[PDB]
Amino acid sequence: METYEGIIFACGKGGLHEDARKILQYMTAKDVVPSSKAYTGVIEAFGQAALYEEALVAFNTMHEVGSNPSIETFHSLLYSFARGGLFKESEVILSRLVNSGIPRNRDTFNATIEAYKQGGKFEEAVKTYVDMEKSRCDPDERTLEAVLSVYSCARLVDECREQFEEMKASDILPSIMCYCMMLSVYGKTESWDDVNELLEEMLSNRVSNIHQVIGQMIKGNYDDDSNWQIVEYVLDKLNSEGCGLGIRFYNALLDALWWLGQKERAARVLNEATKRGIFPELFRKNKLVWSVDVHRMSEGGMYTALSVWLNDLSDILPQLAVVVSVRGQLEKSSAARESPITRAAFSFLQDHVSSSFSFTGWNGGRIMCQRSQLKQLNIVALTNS
Amino acid sequence: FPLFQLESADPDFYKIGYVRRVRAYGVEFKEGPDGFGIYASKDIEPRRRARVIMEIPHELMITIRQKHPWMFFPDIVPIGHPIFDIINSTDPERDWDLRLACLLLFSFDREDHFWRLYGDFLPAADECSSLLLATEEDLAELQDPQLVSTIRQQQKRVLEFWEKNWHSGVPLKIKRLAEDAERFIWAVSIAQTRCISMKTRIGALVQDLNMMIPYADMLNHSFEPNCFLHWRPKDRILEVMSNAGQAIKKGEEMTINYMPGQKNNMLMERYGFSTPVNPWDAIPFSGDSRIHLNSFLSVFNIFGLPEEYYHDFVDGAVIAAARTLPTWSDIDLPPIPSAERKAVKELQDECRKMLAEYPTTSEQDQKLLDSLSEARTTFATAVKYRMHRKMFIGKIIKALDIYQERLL
Amino acid sequence: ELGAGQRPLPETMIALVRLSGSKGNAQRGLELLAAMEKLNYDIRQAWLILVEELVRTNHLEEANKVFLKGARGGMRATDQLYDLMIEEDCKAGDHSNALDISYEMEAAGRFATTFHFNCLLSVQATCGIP
Amino acid sequence: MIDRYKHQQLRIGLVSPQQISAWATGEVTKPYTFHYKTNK
Ligand SMILES: Nc1ncnc2c1ncn2[C@@H]1O[C@H](CSCC[C@H](N)C(=O)O)[C@@H](O)[C@H]1O
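Chains as they are written, first to last, in the authors' numbering: chain G, 420 to 735, 742 to 802, 817 to 824; chain L, 56 to 60, 72 to 378, 387 to 482; chain F, 132 to 261; chain D, 1 to 25, 35 to 49.
It is possible that part of the hints are untrue.
Stated by the list, open to error - In silico DSSO-like links for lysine-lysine, alpha-carbon gap of 30 Å or less:
#1 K81(L) - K96(L)
#2 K704(G) - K694(G)
#3 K757(G) - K546(G)
#4 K6(D) - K196(F)
#5 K222(F) - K200(F)
#6 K694(G) - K441(G)
#7 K507(G) - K456(G)
#8 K133(L) - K81(L)
#9 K81(L) - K108(L)
#10 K706(G) - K472(L)
#11 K587(G) - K607(G)
#12 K706(G) - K419(L)
#13 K154(F) - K196(F)
#14 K507(G) - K587(G)
#15 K108(L) - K96(L)
#16 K200(F) - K6(D)
#17 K757(G) - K169(F)
#18 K441(L) - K472(L)
#19 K222(F) - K39(D)
#20 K329(L) - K81(L)
#21 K757(G) - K507(G)
#22 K656(G) - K456(G)
#23 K587(G) - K546(G)
#24 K196(F) - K449(G)
#25 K441(G) - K154(F)
#26 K222(F) - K449(G)
#27 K315(L) - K329(L)
Derived by calculation from the structure, the hints in this document are not laboratory data.
Chain G with its partners taken away, still in its complex shape:
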C-alpha cells in the first residue's frame, strides 16, 4: 500500500497517466484493492492530461471497490475541471460537497474562481470572490493570483494596478505568473509606459532568479544559441512541481508575449512547453482528424497555438481540421458557441483564412474545416515587435 500510493502520487504529480493506469492494473491483477488515496493519484494524473472521461471512470470505480473519495479527491477533480473551464462540472462537485458534509475550504474557492475565469464567466468569478470574504476564510497567495487573472483577462488596467500593488504591500514578492499578467493587461491596452516600468523591476530582481531570467528573455536579450541555455535552465528547475504549476506558468508567459508583440518568441516558448509534456492534448495529427485543443489555454496562448497550427497546416490530407475550444458538457448547448474562447478562435480564424473554418451543427465547441475545403486554403505572420 505504501509503495503503490507513493508511485501513483508521482504519476499524478507529473501527469504520467499511462504509468498510473499500469500500476492500477498491476494492483488489480494481484487481487489488491487500491486505497482511496491511490485512486486519487490516478484521478490527478488524468486531469493533468485533460482525460476527463478516464478520470471520472476512476472516480466511479472508487465507490465500486468501497474506497470512498476523501476531501483530496474532490480537489483533484476541481483543479482538473478548473483548468478546462468546466464550471458545469465544478458546480456538480460543489453541490455534492455541501451534501457530503464537507465545508468549503479555501482551495475549493480557488478552483471555483479559476473554473469560472477559464469558462468566460467573469461576473460569476468575482461574485465567488465577493461571497468568499463574507464567509470569512483566509485568501492565500494563489487566491490573489486567481482573482488577478480575472481582472487581467477582462482588460481592467486600474483594477489590476490596485490588486498588484497590494500583493507587494504585504511583502509577498509576487511570483512570475502575476508579473506576466501585468504585462498582458498593459500590453492589451498598448500602455507601453507601464510595460517598461515593470520590466525594469524584473531586470534587477536581486532576490528571485526566475524573474530576472524570464524578464530578460521577454525583451529578447537571451535569444542566442548559448544564451538560450540559461532560459532552459530555469524551465527545467520549474519542471519539478509537476504539470500543475507548469501549465499556469506557460499560460501567463505566452499571454504576456503575445500582447507585447513578441509573437515569434511565443512560438518558441510554446515549443519548449510541449517537449516537456505541457499541453499533451494540444495537437492530434492522424489520417482522420487534425485538431488543436485550446480549452485549457489563455487568449495569448490560444493565438500562439492557432498560429503555429495554421502554419503547419499549409505545409501539407485528413478528413477534418478542427479547433476544440469547449471540451465538456457545455458542448451540447448554445452557450458553448457563445463562449469567449469560441468567439475569439472563430474571430481569429475569420481574418486569417477568410471563411474556411465554420461552426459545427452537432457540437457547440468545435470549429471545423472539411477535407474538400482544406484544398481551397506562412498563413499567419510570426514576428517580434
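Position chains L, F and D with the ligand against the provided structure of chain G, taking the given hints into account.
Relative to the frame of chain G, chains L, F and D with the ligand by itself:
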C-alpha cells in the same frame, strides 16, 4: 350523477351448444363479411394461470383416428354401414380430409347429430375460402405455379374419390350424402379448413385424432395467439385457454395458432388464407450478399433463439426477414459498416427484382380488392395471397433501410 | 460506456459474458447477467453461452453452479446443453450434479431418454450397491 | 419421468461380544436392585 351523464351472431348459435353443455366465458361470437369470430366481450384480466375461455363437450365433436385403424369418437357409424367401407378405402396418410368429409356428410344425414344443427353455421360453397372451391380463373390470380399445381392435384384427388365411391350403383343411404361432386368438394373444404388435430386421452386410450370441434373452429388463426386448445381427459371437454398472465381487452379477437412454423403457401393449401405477418415466410435470395445476423436482430430488438424469435415497425415480417435473409455470424466479430451497406444495397436490388416479377404492385392489389363487387371468395383470397407476399418483400426493403442506418 | 451515459448493446454484454466464461470467471459472468436483466435484456441466450464456455474451458464445477442457478431460476436450457451437462458430469463421476440437472430437465418439460439414464447408470454401477 | 429415488434399508444381525461391550461403555456385577435404607 348517473342521470346527468361485426354483428353479433345469431342468438341460437350459442344456444344450441349451450343447451348441450357448451360454455363460453367472457367471449362472444360475432359475424362479419369475412366470417365468424370469437371476441372478448369484456376485459379479461391476467391471472397466475391460463383462464378457461370455452368448454366444448366431446359428444358434440366429429373425430376420427389419425392413424389406422379408423375408429370414430364418439362412435356414430353403425356396424355394417357402407360409409365405413368408403372411409376404409382411403389412403391412410393423404386422405385424412376425405375420411372427415365422409363423416361430416354422414353426420348431416343423422337426425339426432349436433352437426345437423351446427352445419347451418358453416360457410357455404361460395363463402368458404378453401382453394378446393377455387375455379381455374381464381388460381390464375395466385401468381404461384407451385401452389396452383398443388391445388389442382387436391381438386383432382377429391373429385376422383367422389366419382369412384358415389357412382350409380351405390345404395340410397350413400347417394343422399353427396348427390353432386360440389357437395362432396364442399365437405372436404370444410374438413381441411376446420379440422383440429390433437393428441387426446379418452378413458385409458391415448391416440391422435382429427377432430371437427364446434365453436372452436370459429377461432381465427394468429401466429401470436392469445389462446390455446387443451384437452381435459377426465370429463372429455376441449378447453380454449387464454395465455397465462396475458391481459385481453374487450373486443379483442380470440385466436389460436392453426399451424406453427408453416408458411403462407401451406396456410393457403390447408385453410385458404394467408397473413402478411407470417414469421415463417421465406424469400429465395442468391446468398452472394449477406448481412450481420446479430446486428439485424439487435437493431429490431429480436431476441431468443432462431426457432423462437420474438419481438420485445417490427412485426412477424421482420422476424421472417431475419430467418430468410442471407446472414453471416462469427461469434463476436463486428461488421464493417461500409461492407454491410454494399450487402444491404445488393439485397434491396434483389428484392426489387422480385417485386418487378409481379405485373401489379401491393397497393394496386389492395385497391382492386376494394373495387370488387361480384368476386368469388377464393378470388379475393388469391389476390390477398399475392398482395401479402408483395407486402412481405416490401417490408424487407424497409427493414434493410432501417438496419443500414441504425448501424452507425 | 456506462460513464458516457450510453446503453450497452445486448451483443456487447454477450461478448463480455462469453469472455468471462473463457477465463473461468463465473462470478463476473453472473454479475454481467444480472446487468442484462437490469438493462431489461433477455439473459437466456447469454446464460446458455456462459455455461458452454465454462464446460469447454474445463471449469465443469463452475459450470454446474451457473447452470443450476439459471435452471432453478426458471430458464429452460437447450436440449443440446442438457445432454452436454448430464454426460460431462457422469464422465467425471459427479452423479449428484447429473441427477440434479436431469430432475430440472424434466421439470422444464424435457423428459429423460435412454441416453440420459445410461449416463447416470455409468456411475451408479460403481457404487457397490446393486 | 425419473422416479424420486429413495434407498433406505435396515438389517438385523447376530452381535459380536465386542459390539456388546461397545453398547455399554458399564458392567453390571451385583444382583442388587434398590437399597432398603436410602431407597437409592
Ligand atoms: N387470420 C386469418 N386471416 C384471414 N382468414 C382467416 C384467418 N384465420 C382464419 N381464417 C379463415 O377462417 C377459416 C377457418 S374456420 C375459422 C372461422 C371462420 N372464419 C368461419 O366463419 O367459419 C379459414 O378457412 C380461413 O379462411
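Here's how the hints hold up against the structure:
1. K81(L) - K96(L): The given pair, whose Cα atoms are some 14 Å apart, holds under the 30 Å limit.
2. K704(G) - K694(G): Holds. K704(G) to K694(G) sits at ~16 Å (cutoff 30 Å).
3. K757(G) - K546(G): holds (26 Å)
4. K6(D) - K196(F): holds (25 Å)
5. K222(F) - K200(F): holds (22 Å)
6. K694(G) - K441(G): This hinted pair holds, its Cα atoms lying about 23 Å apart.
7. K507(G) - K456(G): holds (25 Å)
8. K133(L) - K81(L): violated (34 Å)
9. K81(L) - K108(L): holds (20 Å)
10. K706(G) - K472(L): violated (35 Å)
11. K587(G) - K607(G): holds (23 Å)
12. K706(G) - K419(L): holds (28 Å)
13. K154(F) - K196(F): holds (16 Å)
14. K507(G) - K587(G): Status violated; Cα separation ~34 Å.
15. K108(L) - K96(L): holds (14 Å)
16. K200(F) - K6(D): holds (25 Å)
17. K757(G) - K169(F): holds (28 Å)
18. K441(L) - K472(L): holds (21 Å)
19. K222(F) - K39(D): With a Cα-Cα distance of about 62 Å, the restraint between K222(F) and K39(D) is violated, given a limit of 30 Å.
20. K329(L) - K81(L): violated (37 Å)
21. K757(G) - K507(G): holds (12 Å)
22. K656(G) - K456(G): holds (28 Å)
23. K587(G) - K546(G): holds (24 Å)
24. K196(F) - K449(G): holds (25 Å)
25. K441(G) - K154(F): Roughly 21 Å between the alpha carbons, so the hint for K441(G) and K154(F) holds.
26. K222(F) - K449(G): Not satisfied, since the Cα-Cα distance of roughly 35 Å exceeds 30 Å.
27. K315(L) - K329(L): holds (29 Å)
Hints 8, 10, 14, 19, 20 and 26 from the list above are not met by this structure, while the remaining hints are.
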